[PDB]
Amino acid sequence: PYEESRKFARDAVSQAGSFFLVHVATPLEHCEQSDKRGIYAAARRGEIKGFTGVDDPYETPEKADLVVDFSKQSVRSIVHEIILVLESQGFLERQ
Amino acid sequence: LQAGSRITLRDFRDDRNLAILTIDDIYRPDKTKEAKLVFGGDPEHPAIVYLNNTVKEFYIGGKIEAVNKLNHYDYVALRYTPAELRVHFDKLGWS
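The listed protein sequences derive, respectively, from chains P and L. Using the numbering used here, read the first sequence as starting at 1 and increasing by one per residue. Using the numbering used here, read the second sequence as starting at 101 and increasing by one per residue.
Any given hint could be a false lead.
What the hints assert, rightly or not - Each pair of labels, with its calculated beta carbon distance range:
{"id": "1", "chain 1": "P", "residue 1": "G38", "chain 2": "L", "residue 2": "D174", "range": "33 to 43 Å"}
{"id": "2", "chain 1": "L", "residue 1": "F189", "chain 2": "P", "residue 2": "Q33", "range": "28 to 38 Å"}
{"id": "3", "chain 1": "L", "residue 1": "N117", "chain 2": "P", "residue 2": "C31", "range": "35 to 45 Å"}
What the hints assert, rightly or not - Away from chain P, derived, C-beta distances all over 10 Å, residues of chain L:
{"id": "4", "residue": "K136"}
{"id": "5", "residue": "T154"}
{"id": "6", "residue": "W194"}
Since the hints were made in silico from the structure, they are not lab data. C-beta: ideal position from N, C-alpha, C; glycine also.
Bound-form chain L, shown alone:
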């Protein structure tokens, strides 16, 4: 992976190809400044714990093109996309 590369983003649940991302950059962030500037600074904070134990070392920036919408098998009639919800507020005649 390097700038200008095109990677496919895959769903670990059903292996489906979801989106194609086009790499702008590939930078190594200061996990300490994030920890502190975004989520306060406490090492016990859930986000921070994630930041250090789960988040890998590099951030890969880039615009996305869509291949497939995620599949969900729970509550599909209650899940909404901004577009669908908007159409719904309309159908209901809400403002």
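Bound-form chain P, shown alone:
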């Protein structure tokens, strides 16, 4: 949820290799409406304090390497978009 933690992650990994941030920008409504575990439910009836999106915040990523939405794209093409990024940068070439 917090940009601070994310940038920390990116800086540490970068010491050793490439880091890619993919923001799964799926809208809170969609997420909540499809929750089959009733966790957003318990948050809503206060059984779970400070649950991200209900109480705790979610600092939206400002400059991610890729932004996708499980509302508009499918798992399969989200994966295909990530794969294309790895490919353009040479990671999938032959060894």
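Position chain L relative to chain P; hints supplied.
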């Protein structure tokens, strides 16, 4: 052959009966206007050379009913009909 006639279209390769065509008309086209309006006008153009040396004199128009799909012995697993390709894009989960 005349309007309303039903001809059978045969495969010169294996003699199979492929389709039954129902003649609408039987017209004599202006090979020069085709040459010029469709394939530019150059007599050296491959289509035009075909138009004059291989294409016969009359065009027989008409809707088709299907008897058999052509047989092919080369690369059958790589050949696709619009229907098969579509089912395949589906199987692969592509969009």
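Hint by hint, here is what the structure shows:
Checked against the given bound of 33 to 43 Å, the beta carbons of P/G38 and L/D174, roughly 58 Å apart, lie outside it. Here the CB-CB span from L/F189 to P/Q33 is close to 29 Å, well matched to the stated 28 to 38 Å. Checked against the hint of 35 to 45 Å, the C-beta distance between L/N117 and P/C31 comes to roughly 59 Å, which is inconsistent with it. With a cut of 10 Å on Cβ distances, L/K136 stays outside the contact zone with chain P, its closest approach being about 45 Å.
No beta-carbon of chain P is positioned within 10 Å of the beta-carbon of L/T154; the least distance is around 45 Å. Some Cβ of chain P comes within 10 Å of the Cβ of L/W194; the nearest lies about 8 Å off, and the non-interface call is violated.
Taken one by one, the earlier hints fail for this structure at numbers 1, 3 and 6, listed in ascending order.
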